[PDB]
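Removed: one protein chain of the complex. Kept in place: all other protein chains.
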Amino acid sequence: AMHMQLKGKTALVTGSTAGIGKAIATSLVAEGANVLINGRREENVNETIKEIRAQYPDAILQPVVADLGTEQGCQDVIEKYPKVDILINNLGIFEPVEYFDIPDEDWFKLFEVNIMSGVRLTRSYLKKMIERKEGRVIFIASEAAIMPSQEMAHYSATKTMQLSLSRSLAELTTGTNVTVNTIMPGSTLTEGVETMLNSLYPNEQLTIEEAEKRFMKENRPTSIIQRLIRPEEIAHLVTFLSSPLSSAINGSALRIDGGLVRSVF
Amino acid sequence: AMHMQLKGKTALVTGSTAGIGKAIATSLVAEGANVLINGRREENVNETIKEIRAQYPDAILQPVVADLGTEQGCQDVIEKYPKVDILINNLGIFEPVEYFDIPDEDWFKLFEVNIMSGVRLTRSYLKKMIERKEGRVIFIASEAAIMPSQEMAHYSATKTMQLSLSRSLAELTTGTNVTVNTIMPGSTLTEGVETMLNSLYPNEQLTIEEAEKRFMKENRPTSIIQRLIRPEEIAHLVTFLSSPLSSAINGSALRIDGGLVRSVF
Amino acid sequence: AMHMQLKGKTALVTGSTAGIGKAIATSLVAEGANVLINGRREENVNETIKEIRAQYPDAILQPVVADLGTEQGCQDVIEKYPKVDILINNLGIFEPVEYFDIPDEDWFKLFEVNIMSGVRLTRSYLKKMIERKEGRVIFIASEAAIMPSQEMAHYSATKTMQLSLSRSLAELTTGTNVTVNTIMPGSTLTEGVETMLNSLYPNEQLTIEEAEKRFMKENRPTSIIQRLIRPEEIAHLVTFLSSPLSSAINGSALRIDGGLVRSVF
Partner (left out) sequence: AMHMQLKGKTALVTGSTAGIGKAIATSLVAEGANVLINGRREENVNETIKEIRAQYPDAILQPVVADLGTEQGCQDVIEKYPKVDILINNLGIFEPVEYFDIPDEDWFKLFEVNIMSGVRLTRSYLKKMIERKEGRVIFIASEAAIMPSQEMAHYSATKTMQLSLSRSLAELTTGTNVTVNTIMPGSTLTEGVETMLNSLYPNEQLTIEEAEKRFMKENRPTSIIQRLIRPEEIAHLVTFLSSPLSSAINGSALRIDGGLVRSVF
């Protein structure tokens, strides 16, 4: 009674070369959606598509090599891929830099990359979805959008902003079956984190599992779950939201942070 | 890749004689969970179990006739049903009464019914779940917990409170795989609403579908979805949260209100 | 130059023989308001009244000895002081007890004390203020109302419920010059907290400043301001809100917690 009726639907997953974006893509094609994988580097895109052909040899994949952080990257894609039934705004970059040190241009970069990507894309895909009363748009933000991270003012700002953008969009869907919602993942075990855990805690013969554990206890004491979230975990929800089974959720920001944010919300 | 591994798990759904509670029960047994249906009236419980045997003739149902709004109702159940792997706190009552008119005792009733039920039950089931590091507890609140309804101060208060209770519980699960979360449904087409729509709007030859529509536009202008949420809709999520697929959501309050609450949250 | 315009107004400060309550009162009497000091024990009411005059000889006070935590204390104060222009619902009371150890009895008590006191008093006063088009009601909650205290979930729930009650009440003042708001003070240096410090960090022989210092380090790592809040600092805000000056604030929940809650709110 709980089918994800998303076979035959084309989903775009921006910056899905690795991490969450990769997890989300895999899960979605696993439910027979025609996933359009986007990444800046042509190598990274192909290499990802291979990891996937390997898992679902009967699958419809499409490499969308482009830079969605650039104005010209985006316009190419609305040209080359006019129809998109499910849009996941996963593209988002970051770099830790104490606040007084963030150069000015960096604020302009993180905004163009983490927001305009979403604005630019939806300016066409949502319009299109609205005319046909059908589809999803989901933003991948982070628990930072509510609890700003101490060494990423700007990133934290971009996340917080996404929420706004997300809600304003959700309200353009009045009457239809199109939902625009945002999810907020907590600390996930991406691949940069993966190896970050190797070098961290030296001098203490530690296993990488035991390592996650002390790292959480150490730098992320408010986590109830007490471990990184595996991409798959985020992917489950994203998929759920992608399905027409989630038609009652529109204009929401759902926290998927294993407890991080101490708030009754 | 998205299985709800909840076959063999016993789920308790308080006040599941009708409405959401009924929708949630059905969906859950539909995924092979051993559902324990609770209702105050012995008739209402049986009558519900029949509608269900009818749908899943190969199903494990258990009538739990009891009043979970009473102290003695609850203690009977922890006695008679010691093991519960999934606990849905659906029981909740209400009655519209202008604020200055709510008698005092009514505030005491709505609190005992809409909160103590949850407190009392979890005081044992959560404790138990924590010792075995496994299980879910979900609270069915309402978008009222954030946007209080004008003619239900007390009900609105009870909802708002649930959020707190929910978050405090989520924090007892530190380290385990037990999640305690709350969802907030919007205006749903229960059965009291169902017929409320019949008498409403007389004098205007209207179909009941067209009726929902003007009623939303009329008394619920902030809804993006523009129609009642069908119980099934809530049930989808509840089930999702019931599954171990949702292990990254702990201590959250997810809005499932089709847009009602105008908030970037 | 910004006139507080408090002279001639009658303010009832519940549970104000000590802590934040006592400070609140002091401030209003300083500002020319007519204040009614209320506590359960006659001893404390006069003692508090003595202090206040000892500082402001031209003070306008009125002792109100009643347990506003009872249906009857409330009935009495209402029959007796019919006209109140300003109602500060300060009366509140916590106790740390692990969730599974909280007796069922205890929930109703905090309920009646931290919530019904509010309800009862406002059922009568707010009604009056509205027919009169002018007035103020302010609820003193705590940062717990948003970030629950792991040591006392019941107290936490009542604080969260104040937020709902407050907002509904506010919505009733529609079209008038009456306002209803809530403030969430963080942890403050009240004799209660003072005692608890001497009490804790045992056998280290520490002067309250040293004592306060590491309690914030160990137990309130999240505070920006990094110290206990002096009672006076909360009064400042309440006095501002009591004034006509705050006319635009209505149905808000103002955080005054020295940065405790890590939320862009």
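Order of writing sets the labels: A, B and C. Residues in every chain begin at 1.
As a convention for this text, a residue touches a chain if its C-beta (ideal position, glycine included) is under 8 Å from a C-beta of that chain, and two chains touch if they have at least 3 such contacts.
Student: Which is it among A:148, A:258 or A:259 that touches the chain not included here?
Tutor: For the chain that is not drawn, the touching residue is A:148.
Student: Would you mind spotting which of A:9, A:22, A:120 or A:255 touches the chain that isn't drawn?
Tutor: Selected residue, touching the omitted chain: A:120.
Student: Hey, which of A:156, A:176 or A:179 is the one touching the hidden chain?
Tutor: Result: among the candidates, A:156 touches the missing chain.
Student: Name every residue on chain A in touch with the hidden partner chain.
Tutor: On the chain A side, contact with the omitted chain comes from 71, 99-100, 102, 104, 107-108, 111-112, 115-116, 119-120, 123, 126-127, 145, 148, 150, 153, 156-161, 163-165, 167-169, 171-172.
Student: So that we can see where the missing chain sits, which residues of chain C does it touch?
Tutor: Residues of chain C in touch with the missing chain: 1-2, 4, 27, 30-31, 163-164, 166-167, 170-171, 173-175, 185-186, 224-226, 229, 233-234, 236-237, 239-240, 245-259, 262-265.
Student: If the hidden chain were put back, which residues of chain B would touch it?
Tutor: 145-148, 160, 261-264
FYI, only the chains that are shown with their structure count from here on.
Student: Give, as an integer number of Å, the spacing between the C-alpha centres of chain C and chain A.
Tutor: Their C-alpha centroids are separated by 43 Å.
Student: How far is the middle of chain B from the middle of chain C, if each middle is the mean of its Cα atoms, in Å?
Tutor: Each chain reduced to its C-alpha mean, chain B and chain C end up 34 Å apart.
Student: Could you please state the distance in Å, as a whole number, between where the Cα atoms of chain A are centred and where those of chain B are centred?
Tutor: Distance between chain centres, rounded to whole Å: 30 Å.
Student: Name the residues of chain C that each touch 2 or more other chains.
Tutor: Chain C, residues with two or more chain partners: 148, 160.
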